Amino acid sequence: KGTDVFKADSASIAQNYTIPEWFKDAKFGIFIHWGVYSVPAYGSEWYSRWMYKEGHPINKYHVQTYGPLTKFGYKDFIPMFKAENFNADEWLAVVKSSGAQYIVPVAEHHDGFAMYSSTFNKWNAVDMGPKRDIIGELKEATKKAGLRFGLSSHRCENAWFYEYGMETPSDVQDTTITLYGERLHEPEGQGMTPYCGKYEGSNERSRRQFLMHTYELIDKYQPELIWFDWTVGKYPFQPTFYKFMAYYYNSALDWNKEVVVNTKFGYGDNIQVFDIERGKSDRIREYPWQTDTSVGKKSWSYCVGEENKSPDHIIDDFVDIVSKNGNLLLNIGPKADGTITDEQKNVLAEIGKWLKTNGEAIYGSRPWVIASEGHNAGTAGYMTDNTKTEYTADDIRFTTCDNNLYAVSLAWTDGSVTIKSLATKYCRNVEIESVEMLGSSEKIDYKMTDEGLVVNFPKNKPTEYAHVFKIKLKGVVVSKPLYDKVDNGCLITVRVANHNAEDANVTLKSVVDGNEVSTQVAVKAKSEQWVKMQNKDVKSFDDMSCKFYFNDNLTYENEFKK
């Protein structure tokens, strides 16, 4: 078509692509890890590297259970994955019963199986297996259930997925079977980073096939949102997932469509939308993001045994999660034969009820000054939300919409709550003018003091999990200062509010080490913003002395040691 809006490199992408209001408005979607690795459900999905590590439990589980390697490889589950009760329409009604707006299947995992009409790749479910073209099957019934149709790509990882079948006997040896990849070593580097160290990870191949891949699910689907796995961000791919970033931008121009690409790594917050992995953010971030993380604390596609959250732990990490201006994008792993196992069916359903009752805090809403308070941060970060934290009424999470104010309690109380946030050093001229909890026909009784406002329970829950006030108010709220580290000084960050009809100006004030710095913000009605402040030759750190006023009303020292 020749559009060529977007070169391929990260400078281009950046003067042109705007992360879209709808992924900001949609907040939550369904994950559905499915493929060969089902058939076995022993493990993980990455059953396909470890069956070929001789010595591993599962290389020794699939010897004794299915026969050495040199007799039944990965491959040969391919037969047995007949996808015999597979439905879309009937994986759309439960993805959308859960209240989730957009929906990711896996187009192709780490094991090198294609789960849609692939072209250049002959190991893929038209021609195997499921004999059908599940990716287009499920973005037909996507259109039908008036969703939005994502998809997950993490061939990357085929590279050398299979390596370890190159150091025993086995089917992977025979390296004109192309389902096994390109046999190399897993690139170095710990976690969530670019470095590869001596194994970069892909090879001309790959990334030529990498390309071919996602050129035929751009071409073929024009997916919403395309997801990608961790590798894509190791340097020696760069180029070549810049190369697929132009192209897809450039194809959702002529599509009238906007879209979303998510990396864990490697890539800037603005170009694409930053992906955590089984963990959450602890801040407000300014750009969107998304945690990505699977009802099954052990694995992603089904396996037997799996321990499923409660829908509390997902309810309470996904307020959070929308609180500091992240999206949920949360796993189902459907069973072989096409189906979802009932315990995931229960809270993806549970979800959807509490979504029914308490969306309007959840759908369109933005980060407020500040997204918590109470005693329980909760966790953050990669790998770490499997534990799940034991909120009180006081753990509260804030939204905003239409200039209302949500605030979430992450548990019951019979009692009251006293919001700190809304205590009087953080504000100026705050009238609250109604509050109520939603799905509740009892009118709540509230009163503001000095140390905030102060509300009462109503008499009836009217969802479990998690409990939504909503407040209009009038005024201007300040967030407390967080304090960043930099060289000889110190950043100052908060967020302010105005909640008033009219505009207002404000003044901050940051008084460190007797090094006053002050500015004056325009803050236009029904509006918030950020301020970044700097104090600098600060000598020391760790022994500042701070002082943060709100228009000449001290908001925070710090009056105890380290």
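Think of the rigid core as the biggest set of C-alphas that the two forms share within 1.5 Å after superposition. Numbering follows the first chain given and starts at 1. First, how it differs from the form deposited in another entry.
- Once the two forms are fitted on their rigid core, between the two forms the CA displacement reaches 2 Å or more only for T387 among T387, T175, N460, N256.
- A displacement of 2 angstroms or greater separates the C-alpha positions of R278 between the two forms, with the rigid core held in common.
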Contents of the next structure:
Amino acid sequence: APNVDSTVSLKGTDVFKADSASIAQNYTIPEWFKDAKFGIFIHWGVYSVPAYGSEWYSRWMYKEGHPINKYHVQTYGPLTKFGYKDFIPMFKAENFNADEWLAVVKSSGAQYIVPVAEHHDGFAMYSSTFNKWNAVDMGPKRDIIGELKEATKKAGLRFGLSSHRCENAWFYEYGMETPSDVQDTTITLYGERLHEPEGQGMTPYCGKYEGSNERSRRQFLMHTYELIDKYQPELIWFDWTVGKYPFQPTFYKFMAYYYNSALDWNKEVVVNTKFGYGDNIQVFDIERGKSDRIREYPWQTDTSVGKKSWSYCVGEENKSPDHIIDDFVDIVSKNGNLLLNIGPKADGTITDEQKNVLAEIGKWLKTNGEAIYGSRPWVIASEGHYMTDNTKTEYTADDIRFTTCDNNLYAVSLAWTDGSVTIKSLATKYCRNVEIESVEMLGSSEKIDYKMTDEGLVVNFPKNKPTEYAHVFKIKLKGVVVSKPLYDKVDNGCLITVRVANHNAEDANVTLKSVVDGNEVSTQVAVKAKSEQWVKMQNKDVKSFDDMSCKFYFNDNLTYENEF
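Having gone through the form deposited in one PDB entry, I am curious about the other one (the form deposited in another entry); can you provide its structure?
There are no partners or other molecules in what follows, just the one chain.
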């Protein structure tokens, strides 16, 4: 018997209390998530029935004049005869098969699966007790989440799920401003019918509208406790409004109960949020942005295989496997995981086109997975590379992404060349006693011709492509390598961030020197054998960040200077 008035687990474990300091004291992001790299998101629900391509159909159909409202009144009927609830009898899922879904997910090389347990629209995809608008009692008349959990265990993968229910508090607000079934306030599917919280984007401020109330906060705990107690997910992903200030005390109660319960399961778990919580007590799920930097904290990022939509819509144009694999490699090199979405038809079938994209990804990982699974960032993630034209810029073989695992260096070219590439990150100035022991291309039987030069490691491509899309050189080397330095302003000075890899079998002592506007900062760092570390330095008394002179030395070699 679970109790939303207590964060203590069913077995009596109370290590975690519902506050940030408690969580940070006892929780650590698990190694399985960092090792896994790749999961599949599955946006499937009542919104798949109209097949419009939008999980926000339920919101906009009640906005008089909106394209979706106009579509819905013509296609299905007036909002008073045909509300969102009235799609539910059509959501029969006659061809849903949990084992077939998992066979697709497994075929992709993905290591965890994230079905939607409940979106903003109020319909539980699982066996809910308090929410009578659920898939066991209605629609498919089966426990979709339960069947996926059992299928995932037999498939040998890890089971996660997502909750978007927090937004149900306000999602249907427009139904109260035009004649509609939402105005029957006894229909609990349509939530609290509040105004959407204010705030531009990923911000905890909510303005005049909290976006939740006492009852929806209570139902959120009943909802998450249900999922925790019935399905023991290893990962729970949340949509953005759980970080609004009025919701945070409630969210911390859930986190404490989840992390306490996980201790009893002897399983380490992950929470994803988009903002509001520290990067050490959960795993940020964020857009990639334009930065080429490795992130210090593990993170996740999501994209759909569909170019137009996440949930199914007719006339979907799917992305190419080349597109997804190149982005996947970029993400993994910068310490991220990819959560890739597919959108099955309302009847439960994953489209042939989306099956084919996942299978091609899995074929690529069959040959190249050594560079991906269990890897960590190297010292630097990449090299290579408003226009008012179509510039048709694409990746070439000079666009390289790096990972490391078991002291091996993997250099992934994001396109083919019949010639050679030069790994510029291994140029003389970045290196101390680097000696290349061997170079191979993953999946190729051809001996790779390479030459270490002062400009970097020249690698000649073999004559036969082992796979399409991206091409992995596995490099065994000894020596110490340092990254290009990164600069950030921090009041009257600048922070300097550098990563150092010691590929030697012996510990190495390494001197880094930053000279900014004459001010010299040195650090002596002991880097253990076959290990990497971040190194942070700060120069003081920098009058202008945009105008400073910068010189950076690695064991008395000039590695960087901004003379331009």
